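Quick one: this structure, given as structure tokens, is what I'll be asking you about.
Here the complex is missing a single protein chain, while all its other protein chains stay put.
As written, the chain order gives the labels A and B, with residue 1 at the start of each chain.
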Amino acid sequence: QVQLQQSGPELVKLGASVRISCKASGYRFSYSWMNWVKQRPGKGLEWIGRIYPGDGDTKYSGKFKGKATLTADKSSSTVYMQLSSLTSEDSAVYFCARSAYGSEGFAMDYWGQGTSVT
Amino acid sequence: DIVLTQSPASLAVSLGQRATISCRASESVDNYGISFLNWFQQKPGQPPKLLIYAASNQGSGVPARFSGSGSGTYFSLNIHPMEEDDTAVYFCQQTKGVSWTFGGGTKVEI
Partner (left out) sequence: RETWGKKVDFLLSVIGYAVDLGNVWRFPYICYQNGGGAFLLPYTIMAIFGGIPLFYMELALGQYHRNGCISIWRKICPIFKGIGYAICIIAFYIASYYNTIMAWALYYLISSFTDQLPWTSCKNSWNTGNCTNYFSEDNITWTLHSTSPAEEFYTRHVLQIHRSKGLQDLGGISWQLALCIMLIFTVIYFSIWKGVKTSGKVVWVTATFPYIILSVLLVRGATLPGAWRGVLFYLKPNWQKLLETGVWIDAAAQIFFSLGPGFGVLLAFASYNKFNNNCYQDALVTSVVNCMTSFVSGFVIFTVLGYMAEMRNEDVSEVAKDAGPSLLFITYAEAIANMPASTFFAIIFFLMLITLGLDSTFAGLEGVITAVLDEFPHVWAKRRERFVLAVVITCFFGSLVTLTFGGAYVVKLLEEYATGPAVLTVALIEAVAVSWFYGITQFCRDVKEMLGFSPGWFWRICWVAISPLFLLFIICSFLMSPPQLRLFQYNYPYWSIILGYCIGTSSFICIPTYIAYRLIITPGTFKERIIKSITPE
């Protein structure tokens, strides 16, 4: 069900790296995608990339392939997002959404509590 | 890439009247008879909530007041007259390959 638990807040420094976890449970996580969005305070939503657990397939886009990397772990059923060169521009909150099936249109039905990376 | 544009930007519709939300693009996201489009409900502080499944079916646990239709390029989000609690920023998502891009956003109020 809705069990996409994330980590707490962290500190953003110039030229640093922070790892954000996403504990997924209650469903077949190895068969559904794992989406990661980026929302700025007072702005809209920005798509970062997707990752398919159990296969290692990643699709990075939105000028984020140079500083963002997704990593899956079938043993711990967690999803890790590697960051680099943390700046005040990308310093915002990040979510961890789970997409739907094929006939459902691949919609982010399940979301997380939010990871305020400030 | 496939960029989405929403219109209008703000709808100050009073209680008891319906509204419509449009999400245009170069697509034409129709593939295998499945309209690739997702509508989300973003509240201040709360995480987004899925509303419409593939722009044709309603979400899970969502009220019957939420609805959506459209095919090809133009899409319409017809919403039943809501209350003072359903006001939230809405986004349209293009889930067609190979990249996913979100919409602009609307500001519904009274």
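Everything below uses one rule, namely that a residue touches a chain if its C-beta (ideal position, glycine included) is under 8 Å from a C-beta of that chain, and two chains touch if they have at least 3 such contacts.
Checked against the full complex, the candidates A:25, A:103 or A:118 give a single residue touching the omitted chain, namely A:103. Per the touch definition above, the residue from B:35, B:41, B:93 or B:95 contacting the chain not shown is B:95. Only one of A:32, A:39, A:78 or A:115 touches the chain withheld from this view, namely A:32. Although one chain is not displayed, its contacts with subunit B can still be listed: residues 31-33, 95, 97-98. Residue-level contact of subunit A with the missing chain is found at 28, 30-33, 52, 54-55, 57, 101-104, 106.
In the analysis below, only the chains that are shown with their structure count from here on.
The part of subunit B that touches subunit A in the complex is made up of residues 1, 34-38, 40, 42, 47-50, 53-55, 59-60, 89, 91, 93, 95, 98-105. By the touch rule above, subunit A contacts subunit B in their complex via residues 35, 37, 39, 44-47, 50, 59, 61-62, 95, 97, 99-100, 102-109, 111-114.
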